[PDB]
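There is one chain below, alone, in structure tokens, taken in the form solved without its partner chain.
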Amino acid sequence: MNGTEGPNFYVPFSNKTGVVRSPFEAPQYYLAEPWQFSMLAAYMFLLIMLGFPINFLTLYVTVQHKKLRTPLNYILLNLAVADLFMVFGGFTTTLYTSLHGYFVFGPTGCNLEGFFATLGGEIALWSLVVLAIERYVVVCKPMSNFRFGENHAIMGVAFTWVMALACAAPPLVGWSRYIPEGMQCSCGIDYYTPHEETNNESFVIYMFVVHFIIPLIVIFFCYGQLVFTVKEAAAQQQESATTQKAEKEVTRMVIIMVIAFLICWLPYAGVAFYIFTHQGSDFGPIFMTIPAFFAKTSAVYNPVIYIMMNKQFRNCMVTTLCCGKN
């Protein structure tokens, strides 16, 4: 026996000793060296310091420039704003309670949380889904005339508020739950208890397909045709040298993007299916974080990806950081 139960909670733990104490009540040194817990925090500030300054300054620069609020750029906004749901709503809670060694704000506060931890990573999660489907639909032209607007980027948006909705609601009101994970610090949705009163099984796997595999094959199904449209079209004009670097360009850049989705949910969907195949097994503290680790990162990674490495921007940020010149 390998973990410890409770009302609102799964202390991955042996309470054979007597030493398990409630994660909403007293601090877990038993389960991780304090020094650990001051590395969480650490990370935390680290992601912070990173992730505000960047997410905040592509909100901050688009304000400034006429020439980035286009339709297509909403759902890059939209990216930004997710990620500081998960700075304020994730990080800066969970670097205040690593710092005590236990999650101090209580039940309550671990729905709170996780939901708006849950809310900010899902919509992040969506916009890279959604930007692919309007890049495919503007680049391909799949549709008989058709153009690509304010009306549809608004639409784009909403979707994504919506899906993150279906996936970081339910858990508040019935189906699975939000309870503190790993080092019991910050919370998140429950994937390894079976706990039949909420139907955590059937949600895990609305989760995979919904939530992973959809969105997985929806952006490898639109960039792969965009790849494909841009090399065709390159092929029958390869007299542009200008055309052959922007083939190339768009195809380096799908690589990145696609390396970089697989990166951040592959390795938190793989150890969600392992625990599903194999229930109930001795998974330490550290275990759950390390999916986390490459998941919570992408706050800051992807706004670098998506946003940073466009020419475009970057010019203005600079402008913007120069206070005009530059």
The other form holds:
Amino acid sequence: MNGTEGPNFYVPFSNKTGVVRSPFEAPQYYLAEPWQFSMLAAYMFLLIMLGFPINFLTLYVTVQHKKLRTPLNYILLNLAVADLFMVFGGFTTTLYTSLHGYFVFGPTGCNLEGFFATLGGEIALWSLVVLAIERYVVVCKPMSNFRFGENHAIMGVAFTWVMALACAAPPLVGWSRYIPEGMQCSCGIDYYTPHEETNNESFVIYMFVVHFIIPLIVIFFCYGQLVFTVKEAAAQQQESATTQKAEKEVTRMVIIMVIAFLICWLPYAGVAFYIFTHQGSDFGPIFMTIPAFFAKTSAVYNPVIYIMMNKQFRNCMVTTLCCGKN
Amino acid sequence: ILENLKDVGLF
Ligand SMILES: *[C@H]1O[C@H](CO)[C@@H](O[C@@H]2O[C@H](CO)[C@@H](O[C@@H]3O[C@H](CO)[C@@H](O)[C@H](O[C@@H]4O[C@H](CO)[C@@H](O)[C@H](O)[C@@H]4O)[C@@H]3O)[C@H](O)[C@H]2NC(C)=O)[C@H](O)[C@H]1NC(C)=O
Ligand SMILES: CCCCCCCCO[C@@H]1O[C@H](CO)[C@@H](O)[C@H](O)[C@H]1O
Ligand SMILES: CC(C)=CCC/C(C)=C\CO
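Okay, that's the form solved without its partner chain, but what's the structure of the form deposited with its partner chain bound?
And the full complex, kicking off with our chain again.
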């Protein structure tokens, strides 16, 4: 036995020496040296200093550049807002708590920081799915005589919020729960304890199938059809050097988007699957945060891939950052 | 497809 249970938490450290304390009441310097909490605070500072400007500037240039306010760009703005939910609802709170050594805001603040951190990551998750669906519908033209408009773009954003609420609200009402994870400074969905009072097992399964398998299949199918459509069109039009460049660029971006999506959620998939299955084991609190590293950093590199590598957005941002001329 | 690839920000 290598954990300590409480009414609303689970510290991954044995209490056979009597030093384990509540993560809501006292610093947790027995599961990690104080400098590791400082490095945890240092990494939260990095995500804030990089994640906020790049994501805020995306909303700013859209206000300034009329050509960016198109329906196909709504879901990109929804991506920037979701990243900001991760920055302020999660990153800033964790920077604060890590400087204390424990989660100072108690169980109520744990549900708050856990709801908005899960909501932010899920909106960004499903925004990448909706973006693939729209790009597949627009380019592959799978429906007969259909034009993507403003009402379809709004429903695409509303669909992400509904999927995120269908993913962060259940822990607040008794399906799974929010508890401090790893070094006990940030809160998330419980998959380290089989808390039968809230049915953690059926939620983790519903979490894995509906909110990871379904998104992964949809993204692979849509972008798979897109690369097929583009390569087919260019093959039937090899006299156009521009169409040959487009086929290469589109293929290169699809590989980058799919690989980045895997780097984001696959470590969180397997490592949390192992912690869930091989439960009650001697999970290092440092080992807990290995999947959280790749997923949380997506608040920084999703804007780089989906905004900064977009020609229309990058030109408007260079103009705005360079005082108005470039 | 060149026009639709620009609309979705892929080219
Ligand atoms: C794992 O580590 C520790 C040992 O298992 C545990 O800490 C102990 O927690 C108990 C309370 O559950 C503490 O008990 C108090 O101890 C003080 C001094 O020894 C007593 O004065 C105090 O008196 C009590 O309160 C009332 C009297 O006014 C009375 O109603 C009670 O019957 C009783 O007399 C308590 O006995 C104990 O000191 C703690 N020990 C240490 C070393 O901290 C941790 O909580 C546990 N970790 C977790 C996360 O649960
Ligand atoms: C960005 C601003 C973050 C504020 C950091 C809060 C520092 C935590 O201050 C706490 O005060 C306690 C009582 O004095 C002490 O035990 C410790 O110094 C510390 O845990
Ligand atoms: C398996 C588990 C406890 C959470 C899965 C998290 C994931 C891979 C995606 C969440 O949308």
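Rigid core: the largest C-alpha set superposing within 1.5 Å between the two forms. Positions refer to the first chain, counted from 1.
>> To test your reading of the superposition: with the rigid core aligned, which of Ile275, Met49, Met39, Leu262 moves its Cα by 2 angstroms or more between these two forms?
In response: Residue with a C-alpha shift of 2 Å or more: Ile275.
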